[PDB]
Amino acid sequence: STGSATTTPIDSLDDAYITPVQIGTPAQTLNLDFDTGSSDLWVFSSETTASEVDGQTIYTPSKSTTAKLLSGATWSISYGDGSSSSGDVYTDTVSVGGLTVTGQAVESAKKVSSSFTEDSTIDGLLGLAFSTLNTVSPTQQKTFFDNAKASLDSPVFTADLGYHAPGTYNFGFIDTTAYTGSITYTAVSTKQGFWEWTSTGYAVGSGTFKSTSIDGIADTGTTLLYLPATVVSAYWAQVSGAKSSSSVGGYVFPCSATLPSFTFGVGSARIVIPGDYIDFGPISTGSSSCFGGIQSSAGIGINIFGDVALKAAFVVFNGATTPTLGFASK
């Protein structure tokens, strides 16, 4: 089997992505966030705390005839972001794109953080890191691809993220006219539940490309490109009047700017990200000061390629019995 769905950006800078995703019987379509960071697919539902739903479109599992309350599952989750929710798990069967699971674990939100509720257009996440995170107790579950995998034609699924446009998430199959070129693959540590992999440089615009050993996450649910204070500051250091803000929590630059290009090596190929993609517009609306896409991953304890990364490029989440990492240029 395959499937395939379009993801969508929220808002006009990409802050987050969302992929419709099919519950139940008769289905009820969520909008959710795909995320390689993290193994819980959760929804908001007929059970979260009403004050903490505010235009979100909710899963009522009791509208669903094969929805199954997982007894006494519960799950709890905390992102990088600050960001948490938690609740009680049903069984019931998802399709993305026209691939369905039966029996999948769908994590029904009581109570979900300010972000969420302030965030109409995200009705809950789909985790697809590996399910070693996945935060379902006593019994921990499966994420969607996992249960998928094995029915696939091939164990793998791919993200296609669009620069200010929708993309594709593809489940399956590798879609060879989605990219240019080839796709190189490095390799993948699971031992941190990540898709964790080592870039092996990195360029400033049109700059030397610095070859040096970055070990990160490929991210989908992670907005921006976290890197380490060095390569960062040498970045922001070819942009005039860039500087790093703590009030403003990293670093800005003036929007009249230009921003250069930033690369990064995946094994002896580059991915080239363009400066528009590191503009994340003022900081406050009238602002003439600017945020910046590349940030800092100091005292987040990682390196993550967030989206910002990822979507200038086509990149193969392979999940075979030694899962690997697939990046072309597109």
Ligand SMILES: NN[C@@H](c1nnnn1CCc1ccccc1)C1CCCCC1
Second form
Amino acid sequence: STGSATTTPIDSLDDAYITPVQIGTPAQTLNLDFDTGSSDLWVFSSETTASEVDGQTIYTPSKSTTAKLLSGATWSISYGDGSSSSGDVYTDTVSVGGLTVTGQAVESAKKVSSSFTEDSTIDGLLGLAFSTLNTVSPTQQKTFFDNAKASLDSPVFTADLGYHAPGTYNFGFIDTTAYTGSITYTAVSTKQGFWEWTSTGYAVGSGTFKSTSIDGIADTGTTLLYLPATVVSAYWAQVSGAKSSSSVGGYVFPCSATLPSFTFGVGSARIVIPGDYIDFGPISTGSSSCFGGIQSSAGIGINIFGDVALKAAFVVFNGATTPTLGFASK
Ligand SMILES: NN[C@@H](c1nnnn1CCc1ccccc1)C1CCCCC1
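Mind giving me the form deposited with this ligand bound, seeing as the form solved without this ligand was just shown?
Below is the whole assembly, all chains and molecules, this chain first.
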């Protein structure tokens, strides 16, 4: 089997991407944030504290004839950005772009933190990291990809995120028309539960490539590109007037600037992030100070190849017995 679904930016800045997901019988379609940095599929629901719902579409398990409460199961997640959610668990039928999994753990939110409430466009998350990170207790549950794997034509999914435009998540096949050149594959460590790999270096604009190992994760659920402070300093030093602002929380730059590209290495191959992809607009409405899309990972504890980097490439998440990651230009 295969599946193919369009993913759409939630706003004009590509702050996140939402993908429609059918849950239950009859289908209830929710727009979920596909997150290769976490491993819980959770949804706003009829059980979510009413004051914490503000425009989201909710899953109502009592209206699904295939929903079954998973007895005694609870979940609770504290995300790296300080957000959180928790609740109970149903199993139900979940379909993504024509691909159907029966008996998928659907984690129903009873509580969500303010940042989720305040984003009316995201109805929940669909985790695509490794199932070892799933938070369901006392019986850990599998991700949608792990459940579908055996049925897929090939045990892979691909992320093709658009710049200020829709893109595609495919399951079970590689669309050879969706990229240019060849896909370069690179080794993955699952030791932290992430799609963790090692970039071979970087370049800033037209500058020379610096060969240096950068360990990080491929994370569709992170907006920006978080890299070591040395790398980030070298990038913003090429932007006149750019500075790191403690009050804003990262590098900012004059909105009048033309940003240089950023290149990262995948083995001997190179992925080029155009400068425009690094512009996340005014720090506040009407400001002429703009927020940078490349930020320091210092104090995160890990480098993150988030959407800024991933949307410059066609990315293969290969879930073979030994997982790997593939990157192609497009
Ligand atoms: N999508 N899973 C990330 C996440 N969890 N919560 N937010 N992010 C977005 C990333 C981020 C990093 C720093 C500041 C703000 C946001 C995890 C972050 C911590 C490492 C594991 C992945």
